[PDB]
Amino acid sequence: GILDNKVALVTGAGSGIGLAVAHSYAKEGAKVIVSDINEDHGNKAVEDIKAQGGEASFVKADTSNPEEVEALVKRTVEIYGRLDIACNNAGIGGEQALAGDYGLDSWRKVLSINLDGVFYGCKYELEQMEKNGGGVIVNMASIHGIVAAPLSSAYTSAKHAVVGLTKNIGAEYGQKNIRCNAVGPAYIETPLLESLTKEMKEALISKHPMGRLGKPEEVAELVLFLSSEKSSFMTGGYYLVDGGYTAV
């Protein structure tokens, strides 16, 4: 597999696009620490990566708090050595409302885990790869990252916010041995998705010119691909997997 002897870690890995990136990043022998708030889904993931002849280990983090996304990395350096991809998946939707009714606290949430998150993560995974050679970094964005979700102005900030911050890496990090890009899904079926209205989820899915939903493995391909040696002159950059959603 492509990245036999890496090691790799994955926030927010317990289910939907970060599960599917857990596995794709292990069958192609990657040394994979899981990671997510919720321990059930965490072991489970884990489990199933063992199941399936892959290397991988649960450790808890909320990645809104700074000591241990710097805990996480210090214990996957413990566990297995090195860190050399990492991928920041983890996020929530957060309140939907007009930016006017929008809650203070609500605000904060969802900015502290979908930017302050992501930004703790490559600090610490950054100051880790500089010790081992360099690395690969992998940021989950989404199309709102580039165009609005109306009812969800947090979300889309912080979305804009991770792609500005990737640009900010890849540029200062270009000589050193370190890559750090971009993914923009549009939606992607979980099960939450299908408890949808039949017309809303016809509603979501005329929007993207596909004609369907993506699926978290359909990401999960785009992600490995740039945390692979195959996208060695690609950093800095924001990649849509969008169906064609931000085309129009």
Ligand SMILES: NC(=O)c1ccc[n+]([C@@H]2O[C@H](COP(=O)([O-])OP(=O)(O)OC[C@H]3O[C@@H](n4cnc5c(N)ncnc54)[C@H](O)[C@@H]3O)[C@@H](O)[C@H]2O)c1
Second form
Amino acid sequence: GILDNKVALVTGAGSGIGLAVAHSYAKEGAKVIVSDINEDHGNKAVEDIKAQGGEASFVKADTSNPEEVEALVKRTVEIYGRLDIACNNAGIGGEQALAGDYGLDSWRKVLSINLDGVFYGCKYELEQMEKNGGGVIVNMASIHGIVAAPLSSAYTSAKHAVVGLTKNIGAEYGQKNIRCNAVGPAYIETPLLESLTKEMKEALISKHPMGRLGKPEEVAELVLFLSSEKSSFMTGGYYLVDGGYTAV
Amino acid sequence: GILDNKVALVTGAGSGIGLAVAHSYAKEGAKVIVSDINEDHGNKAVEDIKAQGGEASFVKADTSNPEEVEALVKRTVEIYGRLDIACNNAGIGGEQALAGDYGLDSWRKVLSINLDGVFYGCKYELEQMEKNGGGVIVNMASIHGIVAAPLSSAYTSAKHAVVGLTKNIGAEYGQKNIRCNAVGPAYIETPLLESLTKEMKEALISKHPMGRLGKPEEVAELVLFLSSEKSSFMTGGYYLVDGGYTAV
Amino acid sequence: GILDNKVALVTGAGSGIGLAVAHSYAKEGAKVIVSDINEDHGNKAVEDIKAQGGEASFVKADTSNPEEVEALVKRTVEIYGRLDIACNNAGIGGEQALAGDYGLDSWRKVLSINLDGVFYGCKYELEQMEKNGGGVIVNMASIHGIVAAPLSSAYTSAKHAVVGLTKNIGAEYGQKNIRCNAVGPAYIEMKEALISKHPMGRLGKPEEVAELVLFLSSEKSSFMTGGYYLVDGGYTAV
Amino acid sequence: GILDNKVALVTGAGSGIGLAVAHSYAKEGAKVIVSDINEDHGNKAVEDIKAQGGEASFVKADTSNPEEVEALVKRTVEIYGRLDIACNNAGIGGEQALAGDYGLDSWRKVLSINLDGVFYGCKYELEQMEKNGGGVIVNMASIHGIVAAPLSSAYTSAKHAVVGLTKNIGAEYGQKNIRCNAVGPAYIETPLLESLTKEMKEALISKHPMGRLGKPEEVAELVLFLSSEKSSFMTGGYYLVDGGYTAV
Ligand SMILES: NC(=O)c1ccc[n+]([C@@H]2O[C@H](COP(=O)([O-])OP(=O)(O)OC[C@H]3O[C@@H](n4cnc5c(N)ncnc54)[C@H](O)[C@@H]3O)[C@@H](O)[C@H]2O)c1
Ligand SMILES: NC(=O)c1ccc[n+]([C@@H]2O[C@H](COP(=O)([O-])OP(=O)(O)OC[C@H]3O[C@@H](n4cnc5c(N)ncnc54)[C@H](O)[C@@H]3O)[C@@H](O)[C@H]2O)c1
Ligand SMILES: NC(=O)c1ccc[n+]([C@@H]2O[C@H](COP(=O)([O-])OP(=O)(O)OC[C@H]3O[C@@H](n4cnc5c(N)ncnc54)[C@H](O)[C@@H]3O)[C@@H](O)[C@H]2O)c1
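Please could you give me the other form, the form deposited with nicotinamide-adenine-dinucleotide bound, since above is the form solved without nicotinamide-adenine-dinucleotide?
Entire complex below, previous chain first.
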């Protein structure tokens, strides 16, 4: 596989996009640390990866806690000896409210996971990668890293911040054998959108020129490309996988 | 004046861009609440505004404290009866370090002032504006809301987030008689930059096609335009005042 | 007036945004060359401007013809002595058709006016501004300088190109006392479907675009160059 | 091969990025039409592709001539029966002059190849793709589709236009089983750059945070990804391969 013997960390890997990324990494021969805040999801993800013949291990972490993220990177090295690839994917949507109505608690929570947790991951991933010859980071952003999501101002602000952080890391580490890029999915059909009525999902779909929502596997293909040596001249960039959402 | 008898709040108005904005607002007839964490600076700004024929009052606030931001808007209404215009300007540059070396507390300090304080301002400003017929908000971002500042990842992340928040508020409040836009200055001549060597200053100027740094009054002219009725069809937007910095 | 004793040129000034720009320039004291391909609309614009107390003169030009644009700048200097400000505004919508269906000549016609005419204006305006101490250019782009307009691919391509041209002029002339910026209006007066794409819940008015052009043409915008400036009612925020 | 049973067209394929794209397509099983104005370059490219085990045929075309582009697609169908993938890559650099000094013929020439030729390609490619059930187009843009290249205003204008055309095609054809995306390379090491001195190339490399120029194969990897089913939810987008150039 194209990631043979690389060690890869994925946060939020118990479901959705992160689960598809963990599967993709493992299918291409990486040794994958599956991290999630939910141990049942994380353990099941690992068992499913191994059932297809891949190599994976579970490590629990809440990415909003910098101590836990630091320990997660240390545990990755303890288990597999190094860190070559990291995908900072864990995130939450937050409450839906007008900005003037937005709860202080929901603002803090969304920014703590979707931004601070990505920074903590990058921080400790970068420190380990400088010890084993470099590596590659993919940050999960969103279309809402470049356009608004009305009623989700904390999410939009955090995802914009992830785009900026990614530009900074790419520029700073360009000559340190480390690359960092961000992925911007549009709306992806996962059990998270379960509560939407058919009419609500049809309204969402109408905002995608391709006439459907995306699949987690289609995001994971882009993450895999950006994590592999095929993307060797790509750093600091933001890469849409949006069905045309932001083209209009 | 083009803001005659509008009530306008400026945070961080004791120095630099914020001071120039407060003077510009007052020159155009606004009743200005000068807010700053430094009472000496804020009271001096009010005195200088009054000596040039304008109207202003000082209210102390730390924008990283949401109770103090809510109280700042309340005090504005106690003094001048309403809130028509707000410029969320207060910010800090932060420590300079590679992302992997960036301090945990340093990261949170930059985000708390440069992003959370802007959100707190917008939240309590919007609350009041809905009570008195609408209003206009200008958020101070940076060129580093759209391009990296190597060694300043927290600042870049915060300023990117301000751009996203601005898009969200503009979209959400478009039919609520409220507008919100962001300004993106490049490097501006202030005493903050007088510590740089001859070498460092010339290198910074070399990144601006106009061949010089900007002046605070030049930023304030754009803030003034975006705070006035002349910008009546402009909302959710990001507006450079950058000497060409991001054109290349 | 904030443009007192400046000489300003506006293309496509017989109607719509260009007419509002010419009025705004003249109200602020500029001597305005109203240019349009339609003599009747341009002469009427000049008469309305003078009726308001301003100074204006008409010069006909087809901006798709580079010789006529060069002559337009020459006539500006013959009439008012110099050129301080130029707004490259003349444009056309073009046929509505899928990109694969778009006519070859229809494509070129939209690009010739909406891009080549803006370049010809910039070229000869820059030439003159370098003789009289610099100046300021505003290029009329569109929201479709940064997002697609389905069935109008030629227009979208042309307006994207105007944004890039503007970045290049701003960068090139930064130390030559010349600034150049681009304005990006959304839709300016079913209209219901169109209005639903604007968060402000209405279309824009030409005077609202003109206020931004005036700001970018004045000394108030003195540290602004190479930039793209939306006046879009929130259209591109989502 | 991930392009088994596909037919792919590449313009400007006798050298540089286009040659690398043609090789990458052929390596993955596509039947490749190599097009170029230079018959010696194009026939040699085909010779090299076949020596690597691939399938390819040469067709001469000047992309600024719409009749030749129409004939190029017609000949592709005559040789291989269908058209699945097209990379519109042929381009020129243009006169180096200030915008006010730029030649009228120089402007026309750059736009005729770098924009009109891309449009002609898309037009006749889309026409055939509609006849055989869909397809994928990749348009070669540049970093100068989003940032200036001083002294190359025509190039920057044209490449910006290609980004806009790509957004339009992606949005218009989203439900017609056609995707269209643009690639934005920074400066790539090819014989084209041998006219620069030791000093000029060092200055050019200093504008890339990765500390080197790109290789044509690194661009071709992104083109291949965007041409394959791996990018199935990606359309209308612009994708940098820039070594960090536009991150700052
Ligand atoms: N429509 C979409 O799904 C969509 C659109 C754009 C971007 N994204 C981004 O994609 C990423 C994944 O989204 P998804 O829809 O696949 O989510 P999901 O809810 O399907 O899976 C996310 C996982 O993250 C886990 N998680 C949450 N907080 C965590 C923490 N602190 N540490 C570890 N694990 C944690 C959850 O338990 C869950 O297993 C997020 O960053 C999201 O914002 C998703
Ligand atoms: N080169 C530049 O100066 C530059 C460039 C781009 C953007 N900006 C942005 O412009 C804004 C002002 O920058 P400046 O250089 O004029 O700053 P400055 O330091 O000259 O003035 C900023 C003011 O903010 C006040 N302040 C700091 N923390 C505060 C808090 N928590 N609550 C309230 N007030 C607080 C300070 O006391 C000071 O009076 C900031 O948002 C900054 O990031 C400045
Ligand atoms: N909804 C909108 O109206 C809208 C939105 C975004 C951008 N724009 C841009 O604003 C500009 C003006 O729009 P408007 O609404 O004022 O248009 P309008 O049709 O009201 O006026 C345009 C003027 O341009 C003139 N003109 C056309 N071709 C010309 C040529 N070759 N040489 C000289 N003059 C020529 C016309 O005769 C007319 O007087 C155009 O560039 C347009 O693309 C308009």
